[PDB]
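The block that comes next holds chain A.
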Amino acid sequence: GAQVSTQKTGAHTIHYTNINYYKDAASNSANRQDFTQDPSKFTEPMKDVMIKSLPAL
Partner candidate 1 sequence: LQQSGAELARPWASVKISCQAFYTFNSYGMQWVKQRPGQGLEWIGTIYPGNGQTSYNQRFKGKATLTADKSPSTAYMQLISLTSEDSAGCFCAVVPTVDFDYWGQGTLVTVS
Partner candidate 2 sequence: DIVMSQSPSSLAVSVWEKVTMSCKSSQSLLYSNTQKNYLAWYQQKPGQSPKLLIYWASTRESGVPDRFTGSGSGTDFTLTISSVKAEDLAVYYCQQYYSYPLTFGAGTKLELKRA
Partner candidate 3 sequence: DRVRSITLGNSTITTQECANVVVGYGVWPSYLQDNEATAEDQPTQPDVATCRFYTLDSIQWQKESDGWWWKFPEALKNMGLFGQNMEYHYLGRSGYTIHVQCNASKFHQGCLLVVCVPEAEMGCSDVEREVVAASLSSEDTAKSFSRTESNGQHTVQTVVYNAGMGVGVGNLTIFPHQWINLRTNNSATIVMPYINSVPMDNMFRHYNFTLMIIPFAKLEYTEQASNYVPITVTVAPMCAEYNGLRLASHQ
């Protein structure tokens, strides 16, 4: 199960291979490549959606 993925490079043969040898899910390496983000929960927890251009009140 050779899981070939892309490496991390600076934007202007870059792939790496990784096997999982151990029979436990906690023995895998770190998930250093999950970059989801959603500041909406904290930045805008509003019931009525506020538009920038419109006045607040």
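As a selection rule, all candidates are chains of the complex that A comes from, given by their letters.
Throughout what follows, a residue touches a chain if its C-beta (ideal position, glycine included) is under 8 Å from a C-beta of that chain, and two chains touch if they have at least 3 such contacts; residues count from 1.
**Q** State which numbered option touches chain A in this complex: 1, 2 or 3.
**A** So the candidate in touch with chain A would be 3.
**Q** Which positions of chain A touch candidate 3 when the two form their complex?
**A** By the definition above, chain A touches candidate 3 via 40-42, 45-48, 50, 57.
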